[PDB]
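Heads up, the chain below is alone and in the form deposited without 2-oxoglutaric acid; it's given as structure tokens.
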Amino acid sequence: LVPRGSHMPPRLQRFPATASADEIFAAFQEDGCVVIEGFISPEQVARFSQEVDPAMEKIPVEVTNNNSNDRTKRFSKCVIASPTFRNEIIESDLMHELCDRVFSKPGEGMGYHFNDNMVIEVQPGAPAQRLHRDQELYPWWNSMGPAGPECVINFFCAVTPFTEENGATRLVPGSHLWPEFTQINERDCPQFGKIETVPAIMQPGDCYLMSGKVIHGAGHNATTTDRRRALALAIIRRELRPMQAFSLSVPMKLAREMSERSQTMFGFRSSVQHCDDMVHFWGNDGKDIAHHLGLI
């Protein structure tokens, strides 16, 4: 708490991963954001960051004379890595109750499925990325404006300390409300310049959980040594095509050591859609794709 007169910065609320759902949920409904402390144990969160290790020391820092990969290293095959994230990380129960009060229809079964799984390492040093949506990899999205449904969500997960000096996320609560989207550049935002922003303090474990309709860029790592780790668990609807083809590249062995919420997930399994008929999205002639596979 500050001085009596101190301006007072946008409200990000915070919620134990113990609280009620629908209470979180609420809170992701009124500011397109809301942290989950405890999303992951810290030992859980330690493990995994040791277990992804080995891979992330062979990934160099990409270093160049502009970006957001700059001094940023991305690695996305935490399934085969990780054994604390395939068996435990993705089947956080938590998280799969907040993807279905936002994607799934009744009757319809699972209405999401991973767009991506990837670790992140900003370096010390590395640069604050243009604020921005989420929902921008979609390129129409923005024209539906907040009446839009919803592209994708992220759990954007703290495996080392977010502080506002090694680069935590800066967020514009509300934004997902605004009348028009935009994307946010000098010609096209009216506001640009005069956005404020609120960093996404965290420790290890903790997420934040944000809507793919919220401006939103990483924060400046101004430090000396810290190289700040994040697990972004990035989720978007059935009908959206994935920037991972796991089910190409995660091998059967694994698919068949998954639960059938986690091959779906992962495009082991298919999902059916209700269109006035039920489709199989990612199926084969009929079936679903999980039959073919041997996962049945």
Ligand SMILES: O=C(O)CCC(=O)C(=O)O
The other form holds:
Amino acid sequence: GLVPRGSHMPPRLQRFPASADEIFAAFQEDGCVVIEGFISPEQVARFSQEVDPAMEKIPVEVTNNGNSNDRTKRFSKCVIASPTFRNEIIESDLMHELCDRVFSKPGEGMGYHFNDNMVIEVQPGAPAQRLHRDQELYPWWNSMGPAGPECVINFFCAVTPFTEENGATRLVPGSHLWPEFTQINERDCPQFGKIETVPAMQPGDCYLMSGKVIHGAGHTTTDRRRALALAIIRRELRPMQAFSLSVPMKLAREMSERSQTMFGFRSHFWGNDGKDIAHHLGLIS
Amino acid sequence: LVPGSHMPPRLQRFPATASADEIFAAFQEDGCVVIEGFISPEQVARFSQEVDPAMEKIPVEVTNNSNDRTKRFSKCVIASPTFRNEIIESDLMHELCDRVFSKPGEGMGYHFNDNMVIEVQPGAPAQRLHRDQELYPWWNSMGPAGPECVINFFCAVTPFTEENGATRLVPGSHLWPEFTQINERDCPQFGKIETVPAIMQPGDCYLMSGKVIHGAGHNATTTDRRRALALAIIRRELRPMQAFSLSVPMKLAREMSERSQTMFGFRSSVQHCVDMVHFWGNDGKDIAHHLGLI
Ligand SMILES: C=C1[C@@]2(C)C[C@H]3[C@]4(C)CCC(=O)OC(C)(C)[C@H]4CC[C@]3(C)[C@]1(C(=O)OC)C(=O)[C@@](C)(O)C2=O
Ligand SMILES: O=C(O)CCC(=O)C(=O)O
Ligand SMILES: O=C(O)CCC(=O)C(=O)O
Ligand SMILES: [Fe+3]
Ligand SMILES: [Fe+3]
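Can you switch from the form deposited without 2-oxoglutaric acid and show the form solved in complex with 2-oxoglutaric acid instead?
Expanding to the full complex; the earlier chain stays at the top.
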């Protein structure tokens, strides 16, 4: 009795809070999974107010030009601005546990690192964001289709509530197993206009979405719908943010060894002439 | 030439004063091409002298087996004024990199993977045959329809001869219908692949696609330490082997041209997907602001 009997059933979106191989199997089969309470409630609020002065100093473009900055606020300096983010959020042992299952190969250590730490605030009345796969950032990845390896995963967590009215992200579970990965355009996508989405949540909930999954933010009067994006890429890919050049050394000295690897203060990709870059940085005892 | 003697594959050769389009077509048909005089003999010789102290402090690893007896040094910008002020400012290098990597309206499509002096010691065993894009392990699966991951300007610092271990290359292997690793399990041509040495004088280089099968040769000499300079260049979305922006000092970065700063990640480049996004950037701006490079 999930939908009234005889109905069209809409694409499945499982939900967990919880065993790791369990949530991974839901990730594999559907491409998207809600993780209710990825961050503790006081933590999400401790973080949200912590960055609210940064967010307050971001002007809103009323552009009507169709891009992803049209009435949507975006801010990446979450490690400087928020001690909660860098000391608590970035240290979820289940996040690494899932990252290690999507990305790492055994005996090769950590196969992943951060792409971005973005806070995305859909300002009230914003056009819907164009449908896209996150792996379009790495433009050849679609050409490998669903047999290709994973490019990117986003732990996309709600900061303020995600409702079907304020602009919550619309997911297309199963778009990671389609046979051809295209740009989602009428010219390029044979299924344009017929793509069935599901809107994605309360503060503290994440959703782990594969980079192969089609999605977008949707279109109220006062609701600043705010989210925290933990985009994570394999170690061979380059990050959107030059974190080891903007995050001060002081904060990097406070990070765990694994979090230093996430931001590229530690490494052989991204090495230093056969040595770990962390030697030259004064980070190895 | 040879006498009904079997004719082995050609490696096209051009001088550094040929037109980039002439050299790129050769690169395009064969996946590799020799640029003679890529670096002047006086530039090569100053570079070799400027890094030689660092090469002398590198021990020769001899093992009981695995690509030993090869010295590898990547701190070229730090050690060599000639390298940073001149070698990396080759306009021919950048002309060709744009033709491979740069997309319309997006600026530089490429940056440095590595800057490696590679000195094959006397008696060093030959290197396994490989493609350089194997470093990005998924790339072979796109086959020859795929885009370029990586290219290398592989420069003779000292002469390349067949005896001292000049690289063995396989022209046209960037066009085989299936890109596998070169082993008995996966490669059906295994043990049947015909290679060709890159015979070069100092300052010559060959430019080679990451799709081309190749390996360092056996250094069968008793005396010759065969020195090379590998300028490996990747597209902007790929991670470098070297964290250049974290070991190269800022004093050296402020002296770099803007295209050099981009190569080493002291500066960002703009990517378009209807949307524009700085790659390797800082919260919407070039990282060169926060670093103080204008
Ligand atoms: C330009 C953009 C790109 C190319 C990248 C993208 C990206 C890093 C990619 C997906 C990912 O892994 O992480 C997150 C969630 C952090 C996003 C954040 C937003 C941006 C920076 C972007 C943008 O802000 O446009 C000015 C977009 O909104 C979008 C979707 O069009 C893009 O694909
Ligand atoms: O803002 C959102 O809800 C979706 C985030 C997203 O799709 C992106 O910008 O990559
Ligand atoms: O040194 C050589 O001749 C070949 C080296 C090489 O091909 C490599 O390191 O990928
Ligand atoms: Fe997205
Ligand atoms: Fe090689």
